[PDB]
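Below sits a lone chain in structure tokens, taken as the form deposited in one PDB entry.
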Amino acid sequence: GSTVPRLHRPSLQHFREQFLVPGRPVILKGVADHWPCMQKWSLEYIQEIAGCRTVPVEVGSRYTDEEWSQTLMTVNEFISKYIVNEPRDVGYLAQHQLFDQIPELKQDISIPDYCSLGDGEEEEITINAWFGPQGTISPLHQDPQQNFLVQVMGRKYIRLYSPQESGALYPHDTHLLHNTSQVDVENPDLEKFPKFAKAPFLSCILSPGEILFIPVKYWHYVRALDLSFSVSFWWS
């Protein structure tokens, strides 16, 4: 397919009419690139401000693996065990509302102006942190809300499939995982999932300072290319 469009600070109206309403993905430049987090956030700063706090940690390459698990530890332990000391396994501080837990970190980010284009309340917006080493993989899935995924540290390779292509993505037959694809995006078993091949997609490498708008129910697949930290905003 082709690359996700990059727009420098588009007006609220242009974003509403060209991406929000028709549900098209877009990268927003010049919006979050000067949030205090962009130059302040590093291992040391995160250790100093958050190192002592308990956080949920996902262990295993993908959350669809059988030998995959969720455990608890301090931020310092996570960085030590799963980032800097030659990790033995993939650890990932994923989908954790770190900013409700640590209000001092919320100072370093903001609510994107584009969120007020929706029907939801600003404080009903779910803010999650995505902190982990190079190689963390989030398998193909969809979320029930609009998403502003802001990249702070490192880069992320992201694959996007429109909800119309849901048939060729073979969602799990479980209810519980029905929002998660059965296909390994970067190595698809075409013999078991032959329709995944002709399914068109958008993709991009998301870099620090860039915001990825993921339309509601838009399927996304995410792999960290470096030591990465992302902040997702779920809104309506």
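Think of the rigid core as the biggest set of C-alphas that the two forms share within 1.5 Å after superposition. Residue numbers count along the first chain shown, from 1. Residues that one form lacks are left out of the comparison. What changes on going to the form deposited in another entry:
- Only one entry in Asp65, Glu186, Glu44, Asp189 has its C-alpha moved by 2 angstroms or more between the two forms when the rigid core is superposed, and that entry is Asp65.
- Core-superposed comparison between the two forms places the only run of three or more consecutive residues whose CA atoms all shift by 2 angstroms or more at 61 to 68.
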Second form
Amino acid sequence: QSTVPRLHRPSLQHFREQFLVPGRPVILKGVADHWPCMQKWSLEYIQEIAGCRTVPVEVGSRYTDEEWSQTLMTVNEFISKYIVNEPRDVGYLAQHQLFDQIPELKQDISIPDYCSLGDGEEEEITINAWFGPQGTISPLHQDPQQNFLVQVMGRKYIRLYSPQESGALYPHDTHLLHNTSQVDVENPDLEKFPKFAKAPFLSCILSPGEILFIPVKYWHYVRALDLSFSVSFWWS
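Given the form deposited in one PDB entry, corresponding form deposited in another entry:
Since only the chain itself is given, any partners or molecules it might have are not part of what comes next.
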């Protein structure tokens, strides 16, 4: 097979031994599925609690041959321009510490208990919101910390490549992009990147209530299948 395993509420020792230490991805069930965000966060709730706040928005075109420009707008404007009406471009309220900006929302989540297995402080855990329409796509990339990616709204297709396959992923030569792959995962140029086709991977569709553990430096690729809202915990 090649799917990420799903475990229900495993023990801290079981998670530590079989996944954190060796660096193996896993989906945790029955952990975040009773967080209040799982029943409260609708577009209506998000507009009520956050609608008038300014948020950074990444905007790019469906044509992949562009950069994402970074702008500012109110959550109300974001929802109106990029979620409800057919938009020319895709907009993504991505990698934002919304819960520091709006503590009222921090009541609706928690920090997974498994984070305490790390060697860092809880006051150093980065919490980011990923709120966007169907069709947002990350590059294939790796991050310098452990990650819990919690799906709240919608589904996301995720592809994972171990740091050991890095050679077949053709990272960019620039220093600023050495953590990012040059390959388009879902339509690769196998004439320019032939080693990509035989690089093994894990994949999953992450659904609401589920938590994907992305080991530090594990390459991950993310595409939103629906109107989606995710919360990531970056920790060490």
